[PDB]
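Peer 1: The lines below spell out each chain.
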Amino acid sequence: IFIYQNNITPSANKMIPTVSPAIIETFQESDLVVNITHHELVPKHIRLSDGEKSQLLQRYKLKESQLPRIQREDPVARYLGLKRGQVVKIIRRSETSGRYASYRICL
Amino acid sequence: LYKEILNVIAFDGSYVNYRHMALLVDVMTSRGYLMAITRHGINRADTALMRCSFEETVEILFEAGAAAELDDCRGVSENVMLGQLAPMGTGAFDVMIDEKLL
Amino acid sequence: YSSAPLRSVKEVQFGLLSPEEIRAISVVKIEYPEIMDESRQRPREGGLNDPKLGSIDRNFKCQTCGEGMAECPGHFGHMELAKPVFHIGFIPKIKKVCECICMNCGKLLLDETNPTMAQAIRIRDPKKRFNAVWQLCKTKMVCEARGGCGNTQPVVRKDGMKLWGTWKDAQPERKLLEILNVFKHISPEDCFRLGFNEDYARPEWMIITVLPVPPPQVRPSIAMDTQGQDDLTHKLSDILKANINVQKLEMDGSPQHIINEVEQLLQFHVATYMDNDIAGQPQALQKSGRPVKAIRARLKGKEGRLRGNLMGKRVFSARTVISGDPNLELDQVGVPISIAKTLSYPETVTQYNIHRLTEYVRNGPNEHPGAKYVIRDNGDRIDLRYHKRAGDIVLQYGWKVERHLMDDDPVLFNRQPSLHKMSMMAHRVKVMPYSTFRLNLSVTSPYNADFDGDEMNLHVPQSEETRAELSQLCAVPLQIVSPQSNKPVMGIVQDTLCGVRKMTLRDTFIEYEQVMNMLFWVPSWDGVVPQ
Amino acid sequence: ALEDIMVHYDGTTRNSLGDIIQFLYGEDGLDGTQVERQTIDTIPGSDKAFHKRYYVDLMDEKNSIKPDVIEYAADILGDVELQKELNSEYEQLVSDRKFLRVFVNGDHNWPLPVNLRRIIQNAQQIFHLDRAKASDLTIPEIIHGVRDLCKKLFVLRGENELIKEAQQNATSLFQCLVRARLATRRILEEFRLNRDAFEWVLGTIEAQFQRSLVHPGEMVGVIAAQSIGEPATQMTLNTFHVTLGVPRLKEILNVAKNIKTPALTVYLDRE
Amino acid sequence: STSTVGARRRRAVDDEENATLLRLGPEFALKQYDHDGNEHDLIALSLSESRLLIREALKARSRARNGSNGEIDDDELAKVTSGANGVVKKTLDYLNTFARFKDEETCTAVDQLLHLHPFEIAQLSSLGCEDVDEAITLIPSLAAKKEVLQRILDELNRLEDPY
Amino acid sequence: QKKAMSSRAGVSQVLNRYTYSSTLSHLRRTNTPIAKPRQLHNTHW
Amino acid sequence: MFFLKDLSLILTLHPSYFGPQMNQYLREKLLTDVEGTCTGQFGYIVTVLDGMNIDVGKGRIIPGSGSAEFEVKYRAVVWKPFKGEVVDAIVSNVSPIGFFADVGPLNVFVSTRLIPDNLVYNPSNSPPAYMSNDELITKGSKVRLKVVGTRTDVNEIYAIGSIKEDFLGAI
Amino acid sequence: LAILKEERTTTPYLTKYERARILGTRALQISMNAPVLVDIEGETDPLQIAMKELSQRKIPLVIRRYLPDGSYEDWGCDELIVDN
Amino acid sequence: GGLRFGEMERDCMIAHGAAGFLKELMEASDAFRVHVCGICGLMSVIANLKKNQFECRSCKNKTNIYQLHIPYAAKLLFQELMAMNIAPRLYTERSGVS
Ligand SMILES: [Zn+2]
Ligand SMILES: [Zn+2]
Ligand SMILES: [Zn+2]
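Heads up: the protein sequence lines correspond to chains A, B, C, D, E, F, G, H and I, in order. Quick note on the authors' numbering: the first sequence kicks off at 108 and runs consecutively. Here the second sequence stands for residues 1351 to 1397, 1399 to 1453, where the numbers follow the authors' numbering. Here the third sequence stands for residues 6 to 150, 165 to 187, 195 to 203, 207 to 254, 257 to 346, 348 to 563, where the numbers follow the authors' numbering. Here the fourth sequence stands for residues 845 to 945, 948 to 1087, 1096 to 1125, where the numbers follow the authors' numbering. Here the fifth sequence stands for residues 4 to 15, 19 to 73, 80 to 96, 99 to 129, 137 to 169, 171 to 185, where the numbers follow the authors' numbering. Here the sixth sequence stands for residues 462 to 495, 502 to 512, where the numbers follow the authors' numbering. Quick note on the authors' numbering: the seventh sequence kicks off at 1 and runs consecutively. Quick note on the authors' numbering: the eighth sequence kicks off at 72 and runs consecutively. Here the ninth sequence stands for residues 1126 to 1149, 1151 to 1224, where the numbers follow the authors' numbering.
Isolated chain A, as found in the complex:
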């Protein structure tokens, strides 16, 4: 997790996915001054073991694609450091039931 101040070189970062299994992320400084999750509109998200996931799917009879998605370059997706294939349970307040439980897989 490198925290580049103004910007990294195009020659540089072109060396990230070059050391698997391990994985690396890049975060600009001026973009972490305020924790975005902290926002009013931002509801709480949550990761899911390939167990809690392989469950949601059986429990709802879903074909993975039929599940609401979330972007890899999504502000929150990055924050919790998701990956293509991981699921996320969102839990927010609802003026209809009190709390609703939605899920987004990360494409």
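Taking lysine-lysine and the BS3-like style, the derived pairs with C-alpha atoms no more than 30 Å apart in a straight line are:
1. C/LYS101 <-> C/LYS177
2. C/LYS432 <-> G/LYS29
3. D/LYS1111 <-> C/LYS133
4. C/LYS66 <-> I/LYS1177
5. D/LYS942 <-> A/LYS196
6. E/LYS91 <-> E/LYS104
7. B/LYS1353 <-> D/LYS942
Rather than coming from a laboratory, the hints here were simulated on the basis of the structure.
Here the structure of chain A is known, so what remains is to put chains B, C, D, E, F, G, H and I with the ligands in place on it, guided by the hints.
Peer 2: Frame of chain A; chains B, C, D, E, F, G, H and I with the ligands shown alone:
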């Protein structure tokens, strides 16, 4: 997105129930980002006969016979176009005579 | 009745006609460009329309597959073009394909070898694959030698109905004729690499060799008792003629560079026929200025087949002028006798209603509580107003009778613009006099009508369930509480409202004489005058 | 854009692809028709006036149910085991009060299935209750009884947990409204319900609710689609009297990259 | 109509010739599919063995339906439990004037033995045979699937129920 | 006429005859080939 | 050659027959539509095994009218000749162009051109026969033939064949 | 496919659409000279006859409810509680 | 003529979940019996409705044939698409599953 749409209905005195706006809001949102309710949106998802019944009608078919698309016929539209009962409430199931109980 | 098993479409497969198939299917060699006249004699020359295709004039004739006009869907014929042509709407892809494949050879321009290509090659999406691919191969123009012959690939551009490119000091311009051949060679795993399908639609078929000629029901003729021929039944002939001359220049003193000048014409008329609304203007008007509807014009949304004839069609229906009636239960709808005596309802004969039906039938189509058609098991119909056995007929359980709509028949009443679940509601029928649909006031705002001339459409259910479905979910009473704003959507309007106010004030008093005639008007009245 | 959206036999709102658009229609699985503007008591008012309403203290001369309300008012004063079920309860209501302040506005009026205000008013005269002679409910009768109710207000039905969770989830809000009107204090001091009445109100809340649930089949999309566009045909193209109304909705549905009025509201920091 | 338990999706011309090259229709592959959704070996039915399956069903049939010497004792069980279906009479006479056995055991035996790809195990049973040169000829699919089979061929005429 | 429909239809119509004030009106009519033009300008006084 | 294939059939049923013993009527109608049919696809449907436990499954009610649709899943005994297949039946008829034989529910015909030359068609003989240097064939006589080709027809599958090879002919 | 009479999850109540259509079907069924399982206590209009056939839960019919994935749940008209 | 049941009228019925009635686009308008091919899902079939003869040479069939009920406007939609060279195959059984 919701808040903004709501404030557009509500700025007119008219009242609509959450569930409605929400559903719309949700449909635009779910595929990952902000899919617009336009020829360049929903009418561009993995939904051929269907999307063909709105805006790009013909080319939508052309590049459909081109890549040889297969249509479920799971869309309300397909069935209307076919003249079959569509999987809509009343048709979202089957009705069979139980000989045993008969 | 058709012995063949009855089924419903559970899947639709799209693709492009392989020339060999069109040939297969065709029942007409279609060589001549005229219609019929065996030298003025009316018939149908073995040349154009019906050289075995469908038919006109109420003549079973149609390759003995009889059926005459109604029952006989059309029958396709074909036409061997003199030289390969571009399918007007695919000209875009046909071009983007070449931009991605090499000529003189015919294979991809980026193999698993190129990394950025692997990726594109893994993108599972018949469309975004062929998308990402082209975004790559449109740059490299050297058939690098794996496969061989690095002949430089030209940069292609669109000029009207022809694809041309330059090979490079200073270029060298040539007009790509040739293409089809290259495509045919394109590898099978390659069709698939691009957005294709080896079975249903191979890249090559985007170019037409043998043209599929659609039959009469498609381009019907309209005689004036005198000629009368459809629009398409012309640009078929315009094409046919542009084909004839071509060939008769390739088997005679063929001035090889004065033929192409005549090939471009056929390419055009065939562009026309299917599409006649393009970039390179030349509207291609029919003698008179008339634009000439291209097949694709018949489809363009709204008015055009898809949105005009399928997502909505004219349909046992009636419409006239509304005026409200303050003495009709909320859910009723007064229908002018005239109309009830016109709209019928197929009620099968049953030992519960035989007695009443045999009466309604004798009554004839001109007495109101009557009927107008009796249909025996033998799929045939008796017209209750002519048949010499009009008043005769004694029914048979199982026969169906078409009776006049009667009081308490559920029917769909509506007023468009139909933007509500409530713009259409099922009402109890009440046959009444005078030429107008008489609806209740409180059921006014749902349709949003007034009586300054406003008209209303009425539809009549036809099955025993159709009706039920209309009364169990669309009945006006079920509609009183609107889901859109979780509150009712019909209240007390005008007079009734205005007055209900007055009548309420402490100052409003009524004496016995009237307090009685008032209690009488309440139908449910317990029959007890309150202290 | 919503044609093919319809509640499914499992209570999922999906389309012609099975793609789940909503796991429980409206985030509760309720049919708008059966819903009315109720007022969640708990939320509004002072901490002082709150307590004086739902608080019951059997271990106290001044904060106990006077034996003129209950039929065991004196034989109940001081019971430690009862004052505990009475805590579970009062401790709950407080969890609510703080959980509802979901609505940072404080506005306690919201659309909620099963109209409890009336449902009780029906008991009111069905058994003719006097604002004088005492009820006949064990404190367990009331408290325990409202818990057994919550158990039958089923929306989703699944056997497993993820489902059973959704159950509790998409319900909650209701339950709070439920407790709010079925706190021992109110149920006895406000609407003197007999033992009989209570068993009726309860039974009805339950029944009513079950009817108020959405029906799988409900062609939901076309519904909300219109429900939204309809109250739009009734607006003016004008943006007079920030870009709003007709053109705005337009602006939005288009997911415009350059709205006429962009503007942006920022609030100071806490202090 | 009446379709089998092999529902393939014929998506938009590949049915080679039928020969004793053991290339039976696609509807009779060595691997057909059971009604319960299981995999099951084809069902070879040499004559006589066929004559039994038939006689047995026509019987437990004329049972719940009431809930040259055999040429007759079979013509009767017919005009009662049969559509009343000439094809069967023929398939029964023929299957009874050529059946090579009589006892459900003598038939069990042949099978407990012979059991090659189903068609063979049957042809060998319903067709008289002496030499291998002969069997390998009237059953041209064998040839290299069993050295000159001769033993077995004998063991048949040895259990070849008398007539 | 010809392959020139690229003209304007409207010029010359079928004179009204429902009422007298109908006919007068019809003759004193103006057209304008196609939110601001439709307005009643001042100059219109 | 005889097989036991696991088929199924669909029958629509008018509401009239919605009595207490319905299972019964479907079953008996099943038989009227299967036992005796013939498709080149499935061959000769001749007999339905294990009647008693026939499978009906619940049937669905067609929307327009009232009938119920049942997918009856059974199992039966069938027989469909293959090319190159070898069997033997009783000679049925016999002309100048050859003779027809009957193997079960079938009739395979042998051409005077698909026999051994030294066997000529007999002129005035009763019943008309064929003479060999030693053999004599007529109606009655049993023949073992080889099915060269097969033609699928109406509700009957006929074929052709020869006895020009070895080990074929009378027995 | 399938789904035991057990582990059945859908509503034990009858959707307005189910009832509407059941009565629908059974109604025309009767008008098709079908056989009735009640006492036409003088009734003659099929939908009425069927409405009765409902209140006495003697309408031999089964609703095969489909799930988005493709599986189903069978329920008899007798079972299905008919609140509405 | 007859009053049109245009799109908007469609919509509503669909909102009502009035499945059958809406299906009844068919009974009150188009409807039509076309004969498809079990193989090349087309409206080719030469159905001489009497002597039963069905066929569809080119695909040379006389055995696997189906009859269907669709709105003639639609039958036309297809004939049209074909003459534009696109092939709307009509299949009576799902093979792709899901
Ligand atoms: Zn024809
Ligand atoms: Zn090359
Ligand atoms: Zn075909």
